[PDB]
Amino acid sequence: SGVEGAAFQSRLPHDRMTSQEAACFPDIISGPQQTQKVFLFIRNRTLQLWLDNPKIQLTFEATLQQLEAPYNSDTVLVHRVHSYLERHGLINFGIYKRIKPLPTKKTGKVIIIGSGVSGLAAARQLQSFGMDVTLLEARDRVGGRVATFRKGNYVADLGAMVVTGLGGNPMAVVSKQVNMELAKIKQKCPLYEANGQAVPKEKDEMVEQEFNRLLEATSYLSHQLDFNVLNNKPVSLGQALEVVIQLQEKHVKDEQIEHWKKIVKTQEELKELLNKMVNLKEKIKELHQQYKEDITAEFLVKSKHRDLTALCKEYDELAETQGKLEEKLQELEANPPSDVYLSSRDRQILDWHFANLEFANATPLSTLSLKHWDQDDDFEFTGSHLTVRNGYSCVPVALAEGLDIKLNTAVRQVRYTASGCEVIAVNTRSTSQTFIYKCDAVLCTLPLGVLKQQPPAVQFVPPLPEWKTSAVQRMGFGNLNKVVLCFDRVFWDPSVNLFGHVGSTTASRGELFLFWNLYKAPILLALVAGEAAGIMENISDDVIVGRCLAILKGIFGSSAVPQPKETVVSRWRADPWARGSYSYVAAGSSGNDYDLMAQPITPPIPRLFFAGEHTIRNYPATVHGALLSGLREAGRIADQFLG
């Protein structure tokens, strides 16, 4: 299944047309189904040709010459399919050698705001389409939220660092194009408690099992019993989790109650039984006395005998139905149900798993939409997640090649009229001098964090619509930070990619809870997630680093941990060019807000466009999502201005 694989790698069903293809090829969709079969084959085959060699441009001509008969005879259809694929960035995207050098005459002018992955991806596309494009970037470097620290042989990512599975991932293509080294993340992640001692394999698995069950329960509660609203307020994942925990505690307490009652019932039956036995002893004494007096005794002794014995066919008979209780009793007082749902130490380990979830969503669980937080799960790529051994920055740096990028240029105003656009920016090195760039269209890749800024960092004239600002307000924008510790010696286990630090309290569960071992040099990356992320930004590097070494010394022993030669600490929330790490579906929002974020603003025809991780519903908060949003917008714009 080569062509079938190509469709999959392109996130398309290999045996049916998509709604997009239906719209652009209505004559094929509403026509002979045999022609559709031909369409899909041409499409899947063209993708395969591109994917088999993503370093060279795939021309219409080369596609035609490589298609087998009878396909290579339907010249017009092939061109229609090749043009569509190229326009929408499914082929000839990223970085590749052009065999068809760009035309000197550039049509249309578009200003891209932001030189991150989405802006860069869109820039390259628009340029290859022959448009005049200039990127305005506030920072003194490209990449935005993909940021790599490089000094000597030290390499460490302060922004994105993980690639999520290559099957269907556009980054699989870009990876090949820029020669970026990826390493699969080894699963083993040992956990250490606050005292530094390792958590036994048993408990680790037990608690992780509960975590999974707890999450599965919130999903049931949400997508079955429709428990998504309470007191007119939307329910958060954090909220639901604490409720499911309470129920577990209730159940445990109920089984404890029932058990104690079995004990008390058995204890009462015994006491009462012992009491009638004591009276039967007193009744037997009444006989082992009296019984022995006269001459008719040959009949009086017989009588007193078959009488005193019958009272033993009664007594030791009770001692029998007594041993069946002392047995039942001791059996119960030896097999008590769980005393608690989670021991104090168990709850701390569970909180480590919640912190891990707060890391992934870049936000405290109490802010996540119970119903939509995993809204995009159905789009995950297949395969092991990987890490970028040589620094993720190699991607935006390569994507910037040949582009007209203006660094240290912060945009402050965006004007858009029915007949043109004006973008006003200022030199960040001398806020005195401003710049005024005229253009036909503006592509805004500003982070959701900057769009939410109050007072606004950049002004829109006219101001953005209410349906856009409302969506910007509902959507969540998280935070996550890292501390880079550069040593001259490796004191950790080189075979382990990650290990966790279990915090003491629920509130600080995200503080330096996870350490990563990913590079050539002796470097460790520690994460600060959830509530701890924003708070820790208020601590100086020295103090935060010291707390790290304290954790590390507790695990590997002091004297084993030398002072770091180099350290880097990120503060994404305080970073004015980001104001956070990435978006998350907030309680009260939904995946639709991502679609609303993608919508262009048009007074008589589309003028203001949007790209970025926050504008792509099926791939939010990721580098590939940023990439795809950029490819998407370049297509929408070329369609408007080039036809």
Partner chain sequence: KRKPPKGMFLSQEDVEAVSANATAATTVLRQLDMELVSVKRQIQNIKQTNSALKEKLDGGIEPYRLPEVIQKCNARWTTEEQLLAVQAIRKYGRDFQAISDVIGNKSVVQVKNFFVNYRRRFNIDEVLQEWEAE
Given for the second form:
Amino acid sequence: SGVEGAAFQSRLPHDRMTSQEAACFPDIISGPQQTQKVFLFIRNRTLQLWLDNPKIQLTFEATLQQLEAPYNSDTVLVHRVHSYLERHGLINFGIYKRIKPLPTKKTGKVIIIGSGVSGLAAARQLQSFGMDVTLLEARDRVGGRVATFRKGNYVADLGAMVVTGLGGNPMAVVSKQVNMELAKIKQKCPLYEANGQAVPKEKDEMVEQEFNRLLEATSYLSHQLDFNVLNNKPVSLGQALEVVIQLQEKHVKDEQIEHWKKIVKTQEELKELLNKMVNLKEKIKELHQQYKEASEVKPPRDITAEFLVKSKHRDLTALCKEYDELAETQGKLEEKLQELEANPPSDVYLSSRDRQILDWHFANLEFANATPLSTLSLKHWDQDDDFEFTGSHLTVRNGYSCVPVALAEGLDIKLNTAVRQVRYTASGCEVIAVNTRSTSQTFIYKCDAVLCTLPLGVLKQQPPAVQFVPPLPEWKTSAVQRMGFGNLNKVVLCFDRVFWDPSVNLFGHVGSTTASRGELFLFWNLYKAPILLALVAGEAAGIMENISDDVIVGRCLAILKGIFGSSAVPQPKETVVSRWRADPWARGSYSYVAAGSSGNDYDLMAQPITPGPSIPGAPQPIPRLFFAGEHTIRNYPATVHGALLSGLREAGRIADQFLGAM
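Could you please show the structure of the form deposited with its partner chain bound, as a counterpart to the form deposited without its partner chain just displayed?
Next up is only this chain, free of partner chains and other molecules.
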């Protein structure tokens, strides 16, 4: 609450100093706990002021004027703290109104490759530190993977679409500045099977609950039994889920076999008793005949004949008592048996109606991670799960493009300029680009630094789209190999009227096979106008890229009619299909932690490259080639906020380097 809220909303602990701060304020962190708590209030209070209104540049003069002693006291420390938050982009980022118009005495020159959000965030920061910044993008528009489709009042995002909570999200600040309209998302999502009828409710829950367990089970499998390598090869979340399901199937059988083997041991005991009772009956039979024969010797008989009746009479009432007690412990075993033959264990682990609803839960996972589960690291797929924001996820009714468009305002963005070669040396860098329209036309940009927001997809392509001169060193390229670049596609269906449940944000279709859990597995409304997004995920995303839009929209209306009626669902006015893996300025959707990657590759991807020296025996040059992007930020990968933070970061790194540290 208050000073502490601002720390948390700035992704920082109010309690204690970060590593970034230890680096810049070693005097303090190594010094007494008293001076640390001062530092910490100034930092938190300075942040609070920024956030409390982030449409106005917050100056040094301003912050000092709204501290009060004892913190107010040391006006150097306050100016250091203010200038630290300024670089590292914790305050005065996004769209502020500058109070002092930045001077035209621009110092140092930087080429930024790509009008990413990462690109634009950095561009704006470097500009506000008074550097000379030019952005070079291949596309005919800014935004990159923040692509929004307009056509009349119809507006739908084919790229980033969701603000994944405002609780510590830097986009929380950008939304106040840009006045983009955020609508909430009710995550409740009814399923509907292939046949087109809502999975009933008690099913929905049995399967979800079982999904949620099966995951937790891979986590136990990973951390507890250390099942993370198998035949010299890293285990996938996929492999682990199969090995868990195969074992839950194997326990169902072990369980039946244990139960029938227990019935059989009872029947083999009832048998040992019947064999005994049948030998006593046929022996009693014999003895009774002997008693009647002896009993029928009419008296007056002597005493041995009298003893013979009296004896046999006993010997029989004895064997009759044995067989009465064997026949009671018979009637116990026939109940023990009507008990067991009435209380079986479970027949199956999952039916095929079940194993298919489970497959829709695996598509939702394949959709979120933008890749088949066969590719996700078992040890590391959920590494960023610590830094997830707070509050409900939100769509942008407005269309997310409204952000990068607003970030672009005031930058030297050269559009339709495909970078082809980045050359970096002791004395500086040349970027060589071409006009994407007429490609013979060649452009040369000279600069002190190159900032590369090139997507991991592009960085991966062979033969390469962009050549580095000299080559990126193994440690960098190896990381680009190890790291995963995924895929996820949307289908935009604009109708004339709403024929779905307006108070339901999303709903799912369950495919008939595992092999296509992903094919049009889920449907959103923007709900503003009558639009339905349909997501393609998993192995499916990749394959549906070679299938005409008419066919995809066919499979779509097919499904929708299944669920809502035939005369209910009209033809769409307008349809679009994303084909991200095909798009050569993307080569896919966003990063993922592949098996045999870690989070540590995200860190390699951010470390800048320092050229060798030009004259042998010459001071160690400065770093020249820097990297930002969704794929460079360990704790917030594959997002917009992660991009935006990665840019804010490389801006600091480059100013620290070329304008000397604050």
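We call the rigid core whatever largest set of C-alpha positions still superposes within 1.5 Å between the two forms. Residue numbers count along the first chain shown, from 1.
- Superposed on the rigid core, the two forms differ between the two forms by 2 Å or more at the C-alpha of one listed residue only; from 217, 194, 300, 458 that residue is 300.
- A two-part rigid motion is described between the two forms, in which the smaller part turns by 9 degrees against the larger.
- CA movement of residue 309 between the two forms equals 8.1 Å, with the two forms superposed on the rigid core.
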